[PDB]
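2 protein chains.
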Amino acid sequence: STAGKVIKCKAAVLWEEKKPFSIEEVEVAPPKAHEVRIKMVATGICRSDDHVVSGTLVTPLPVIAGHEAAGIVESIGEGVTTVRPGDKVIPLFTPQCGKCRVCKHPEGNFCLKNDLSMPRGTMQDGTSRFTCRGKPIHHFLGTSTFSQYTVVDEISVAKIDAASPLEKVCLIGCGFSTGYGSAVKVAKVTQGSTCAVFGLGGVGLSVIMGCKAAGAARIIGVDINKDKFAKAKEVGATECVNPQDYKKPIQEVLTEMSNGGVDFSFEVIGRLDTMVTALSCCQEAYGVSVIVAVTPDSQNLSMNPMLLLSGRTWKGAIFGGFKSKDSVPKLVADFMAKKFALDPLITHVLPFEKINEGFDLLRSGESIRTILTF
Amino acid sequence: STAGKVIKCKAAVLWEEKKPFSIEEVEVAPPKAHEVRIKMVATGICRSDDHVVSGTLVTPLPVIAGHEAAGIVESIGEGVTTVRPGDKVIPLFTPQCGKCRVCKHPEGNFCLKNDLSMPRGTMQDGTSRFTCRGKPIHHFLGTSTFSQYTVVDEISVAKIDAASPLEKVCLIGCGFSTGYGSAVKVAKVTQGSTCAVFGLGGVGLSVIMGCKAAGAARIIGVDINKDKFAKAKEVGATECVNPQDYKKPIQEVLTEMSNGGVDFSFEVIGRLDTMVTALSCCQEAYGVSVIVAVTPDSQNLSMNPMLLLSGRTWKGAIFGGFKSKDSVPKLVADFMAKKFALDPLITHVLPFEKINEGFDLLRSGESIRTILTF
Ligand SMILES: [Zn+2]
Ligand SMILES: [Zn+2]
Ligand SMILES: [Zn+2]
Ligand SMILES: [Zn+2]
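Residue numbers (our numbering), protein chains in the order written: chain D, 1 to 374; chain B, 1 to 374.
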């Protein structure tokens, strides 16, 4: 009744930069070969989506943003073997084609088929499945979750547990996995270790959860906003420090606190100065610092290579270093097995149509995570 | 006949900055508890020693420099158990006390007992064993190899094969191990991988040897001086590239050559701009770049954290990441077992008294490595 034909539905369309999202009636074309049309159930509002709005993250416009979500497959194109109609799925903004050098590399996850490096805003075949009043609308990171229905390439979708709560597990689409993975996959936090987390937002909390799951003895939360501390401690933080409370530089305070420097530090703010501070606070001989965020309007940080010569390791990653398709299902399984809680991260839930309001909450910073429901 | 009493000998003393080395008659006091007096046999002239001269590497003056050497133990102080009189040894500028957090850490080697971070220019007990005309002379990195005899703390000396050629294995004291280790221990080069080595001096060649021993399929030597290419190829380089031959930036050339970016890159020059270039040329998703050198007159490099967010790893190390005392003996064993050749690195051999001449060769750059013999 719906398969093989165009679907008329609503979607949040961004027509121009620095403009509010426009709830428009759009036409979502049927999935071609190796494609998957998905009926959205829930989608999170991530800072990256906002970067598209402010023109910070350059991608073709008009566009249907959104990359953190979960839904139900309504139909599949010819050749699709990984998912079936009715399956609960999560779109992967970072694809896993499984064929490129990166997918075949044991340490890589940034699939060369990504639309992040040089954004085209289309399906893998160079075209779009979206039209508004006969006018073509671009895709976003092969996901475009700000729509009641979306069409994604098979390499950009993962089948998850059929009994999982999509209003919660949608965070696995970006926020949670990014933070959690930075701790568990990128840094590879060891038991009894001391960790320092800069920035206690949603991703920051997820990093803490990862350090906790990894068995870190100490997890020091760092944030200039004291209101973020309670949640941080609730999710795993042993201590919380505010740089504004001190007269001496924060890396100095952290070095003293950890008697020589922390084992693992994470920068989850995307600020040039704290990235350097995060690196500097980890132990000089074996300290590991992970870059979990950087603003799209790329500016250069200033740093002394001496910090690295002593023995430190500096590394970053997208999607917490997780090979998307392989990891997402297992992360949902862990959530289903009660291995971790996602509720502490959800601070607001609004119906999809109030998308602009959800962004006001994001921009104001009073929201850890707003989830849009369909 | 010599043990327990002061030894009168010659040493190259640096009285002031930017001054030539002064061959002076000095008094080397007998080794106290857990100390070792060594009769020097050979010592290399490393750029770091020159940094002491130009005041770049700040350490107390007057001083007896030199940290890359090999010799014979003439006597030991009470409590010494690792070496005995007559033993062939190599002083360790990077100590291995085996007790501090770093020594006990599986990834650390920069022993907290080092005199590099905050130079005191003395023995571990805060005093000196050197006097020239009744005037106290400082030590250097717990080694001071520019003397016919030196006294070092037990944690700063390693016993090596009694049949090894000290005129050659002395390179294990710094140069060779630093380069070799950066490839074999820090970067952990894998078989069939593609490597890029910036700077083809002694340490640069040693990195190549490490990549070769690690089974790298491609080892691209990079240097603006073509005269360094032959030796590079001789030791393992598959290709040699000169940045002055090209119109486009070098990281671009290297990215194209390696079809997407190299697996491992090493900066062995100590230049802020090439460090960034070296990082940028390794693959974005799983590339590893190693900082093998940085000038003591620390200046900040400028870099975009985006290079790291994609998945790259940036790391540096001292003494090639080798836990000094444990590694040195095994490296000599490997040399003795013919696992690698040290001769290609030795370009000049001069008697100890012509030390200043050896530095002229170093400063002019016409020398890969000058070895001083006693
Ligand atoms: Zn996101
Ligand atoms: Zn791929
Ligand atoms: Zn040296
Ligand atoms: Zn130690």
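One or more hints might be untrue.
Here are some of the chain B residues that sit facing chain D, going by a computed Cβ distance under 10 Å [stated by the list, open to error]:
1. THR2
2. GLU256
3. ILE318
Residues of chain D clear of chain B, computed beta-carbon distances all greater than 12 Å [as the list claims (entries may be wrong)]:
4. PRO20
5. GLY215
6. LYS226
7. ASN300
8. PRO305
9. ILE318
10. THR347
11. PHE352
Hint data in this document are derived by calculation from the structure and do not stem from the laboratory. We put the beta carbon where it would ideally sit given N, CA and C, even for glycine.
Now the hints, each set against the structure:
1. Given the 10 Å rule on beta carbons, the hint for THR2(B) is violated: about 38 Å separates it from the nearest Cβ of chain D.
2. For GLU256(B), the shortest C-beta to C-beta distance to chain D is roughly 15 Å, which exceeds 10 Å, and the interface hint is violated.
3. Against a cut-off of 10 Å between C-beta atoms, the interface hint on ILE318(B) holds, since the closest Cβ of chain D lies about 6 Å away.
4. Once the 12 Å rule is applied to beta carbons, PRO20(D) is consistent with being away from chain B; the minimum gap is 28 Å.
5. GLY215(D), annotated as away from the interface, keeps every beta carbon of chain B farther than 12 Å; the closest lies near 16 Å.
6. With a least beta-carbon separation of about 27 Å from chain B, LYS226(D) lies farther than 12 Å from that chain, consistent with its non-interface assignment.
7. Here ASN300(D) does not stay apart from chain B, with its beta-carbon only about 5 Å from theirs, under the 12 Å limit.
8. In this structure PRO305(D) is not separated from chain B by more than 12 Å, as the shortest Cβ-Cβ distance comes to only about 5 Å.
9. Against the 12 Å criterion, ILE318(D) falls within the reach of chain B, whose nearest CB is about 6 Å from its own CB.
10. For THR347(D), the shortest C-beta to C-beta distance to chain B comes to about 26 Å, beyond the 12 Å cut-off, and the non-interface label holds.
11. Annotated as non-interface, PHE352(D) keeps its C-beta farther than 12 Å from every C-beta of chain B; the closest such distance is 30 Å.
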